[PDB]
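Heads up, the chain below is alone and in the form solved without its partner chain; it's given as structure tokens.
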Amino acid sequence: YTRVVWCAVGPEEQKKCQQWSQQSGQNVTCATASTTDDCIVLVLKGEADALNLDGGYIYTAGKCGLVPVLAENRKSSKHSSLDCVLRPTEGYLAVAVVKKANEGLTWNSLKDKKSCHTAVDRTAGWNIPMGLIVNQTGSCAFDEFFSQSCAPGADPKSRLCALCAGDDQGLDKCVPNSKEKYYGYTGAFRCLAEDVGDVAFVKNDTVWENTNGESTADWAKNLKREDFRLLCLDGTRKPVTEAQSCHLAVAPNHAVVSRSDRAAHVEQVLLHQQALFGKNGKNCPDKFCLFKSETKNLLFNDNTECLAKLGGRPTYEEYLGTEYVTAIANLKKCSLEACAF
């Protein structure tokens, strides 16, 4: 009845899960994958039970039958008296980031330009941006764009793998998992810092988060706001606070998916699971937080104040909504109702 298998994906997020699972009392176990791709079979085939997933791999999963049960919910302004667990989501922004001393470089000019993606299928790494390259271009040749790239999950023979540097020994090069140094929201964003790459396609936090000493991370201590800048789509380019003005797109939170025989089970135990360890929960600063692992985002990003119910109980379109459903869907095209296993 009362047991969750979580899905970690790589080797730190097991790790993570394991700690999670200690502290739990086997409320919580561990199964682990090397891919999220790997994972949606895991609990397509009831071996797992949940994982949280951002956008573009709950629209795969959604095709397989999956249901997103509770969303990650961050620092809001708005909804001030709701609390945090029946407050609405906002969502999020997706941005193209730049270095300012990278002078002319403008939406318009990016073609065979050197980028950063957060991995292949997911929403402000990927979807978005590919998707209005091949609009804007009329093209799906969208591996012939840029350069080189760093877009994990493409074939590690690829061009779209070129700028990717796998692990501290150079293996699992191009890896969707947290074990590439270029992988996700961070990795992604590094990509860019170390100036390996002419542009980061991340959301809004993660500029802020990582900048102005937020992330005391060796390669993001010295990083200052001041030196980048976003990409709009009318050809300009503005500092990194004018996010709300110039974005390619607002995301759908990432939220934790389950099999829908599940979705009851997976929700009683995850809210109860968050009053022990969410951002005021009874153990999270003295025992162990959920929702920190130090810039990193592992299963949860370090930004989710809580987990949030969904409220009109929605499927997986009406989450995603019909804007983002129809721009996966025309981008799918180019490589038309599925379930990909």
Second form
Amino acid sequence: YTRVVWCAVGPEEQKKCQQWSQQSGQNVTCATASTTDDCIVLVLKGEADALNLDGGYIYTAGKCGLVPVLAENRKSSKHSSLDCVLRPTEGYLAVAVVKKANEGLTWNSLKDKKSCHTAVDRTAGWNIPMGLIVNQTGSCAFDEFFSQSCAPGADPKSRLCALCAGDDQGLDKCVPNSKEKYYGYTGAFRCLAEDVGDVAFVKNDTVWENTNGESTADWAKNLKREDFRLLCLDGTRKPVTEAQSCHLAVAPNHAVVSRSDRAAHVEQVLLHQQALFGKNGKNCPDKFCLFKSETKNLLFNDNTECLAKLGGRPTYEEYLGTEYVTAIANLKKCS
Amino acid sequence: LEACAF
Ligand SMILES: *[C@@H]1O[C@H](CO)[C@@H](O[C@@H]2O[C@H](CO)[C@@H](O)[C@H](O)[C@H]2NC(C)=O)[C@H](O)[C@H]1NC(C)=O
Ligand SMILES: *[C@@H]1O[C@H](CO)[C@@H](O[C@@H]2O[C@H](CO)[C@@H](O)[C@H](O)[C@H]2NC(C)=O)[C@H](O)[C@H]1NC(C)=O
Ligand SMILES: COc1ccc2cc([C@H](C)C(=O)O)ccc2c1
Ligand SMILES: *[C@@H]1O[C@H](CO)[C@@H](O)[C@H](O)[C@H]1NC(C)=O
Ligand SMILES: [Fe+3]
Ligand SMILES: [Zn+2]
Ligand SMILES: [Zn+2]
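Next block: the form deposited with its partner chain bound, after the form solved without its partner chain:
Below, the chain from earlier opens the complete complex, with every other chain and molecule after it.
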């Protein structure tokens, strides 16, 4: 058999990957790059085999020929006798979150406010809200809609990076990896929690997992769910219990991609690795947990219960869905 | 809506 080479985005992911590699007896080894796009390039060169991707990045990877292998499956909402690995994925709800105290703010008054995004090119942080905003404004000048933002991966001198904070030292402002304080789901929610932004584009789970003691992280440990509201597309504001009726979109779950020629090997190795290190895995929590990283969603989202098999051997367009692919394509016409 | 971006 062959070893599988995972691609870690940034140094925190690299550290977790190295622990995984050690624990797996080098069945998995690590390549690292500074951004998700550069990891996608390492895979296209054959210098890494695989990584797990948000759906917007799956679109970039899929245009370049890489294929989905296994998808994240989180805790099911409904009763299922199906094993996690065989359960169909349900998608997650992209939402726009504001502070309840910022009382005039709705979907229809977002112009010139400050925004927090997971990163450019990700589903809930970018493709869904900016695709909606382009469409509703009739303008491609989405870089002039919010007065200032943190949108990791944008030009660091531009308004879209003005709120990003970089690392402990203030280096790497706006880089699209976990070194940037406001990167990703939890970074973008922290950007709103600290009132750096007026609105965060994240998903429903983010708000629940970082409030009401669900996180003990310093910035999160005192946040209360009732101090947030979701913005609905009809201009109303709801409590964060109502995400099923006040979301922007339903997103396809993050998923592992690989070259087509290494997908079956990558699949087999991952099914075995999650049996050792997954939720209830033989060696988790004793030795290593693949789907934990103290809330920082490194390599995989912390709320992943397993990686699940895909039905229909889907192409990337099948896995993302036609409507979403079409939405991304429309937005990318602007740049 | 066609080629690889790299
Ligand atoms: C929004 O996200 C939260 C967090 O994932 C969901 O609440 C969890 O739901 C699972 C499955 O019902 C429960 O077993 C967990 O205990 C919940 N977690 C927490 C921290 O409360 C919630 O269901 C999601 N809302 C919608 C509409 O999907
Ligand atoms: C932004 O608007 C475009 C143009 O209306 C939307 O693209 C259409 O999507 C529908 C539903 O999937 C398709 O039947 C049409 O073929 C698409 N039109 C074109 C011209 O490509 C797009 O979905 C909208 N973006 C968002 C995020 O809602
Ligand atoms: C009608 O078009 C689709 C196709 C596939 C889908 C998959 C999913 C889940 C969440 C997934 O791809 O992980 C959700 C919605 C979808 C709509
Ligand atoms: C390493 O992989 C080989 C081949 O599948 C297998 O025999 C062994 O159990 C694997 N071990 C770990 C610890 O991942
Ligand atoms: Fe995502
Ligand atoms: Zn809906
Ligand atoms: Zn098919």
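Rigid core: the largest C-alpha set superposing within 1.5 Å between the two forms. Residue numbers count along the first chain shown, from 1.
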| query | finding |
| --- | --- |
| Flagged residue of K157, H79, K75, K224 - C-alpha shift reaching 2 Å or more between the two forms, core superposed | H79 |
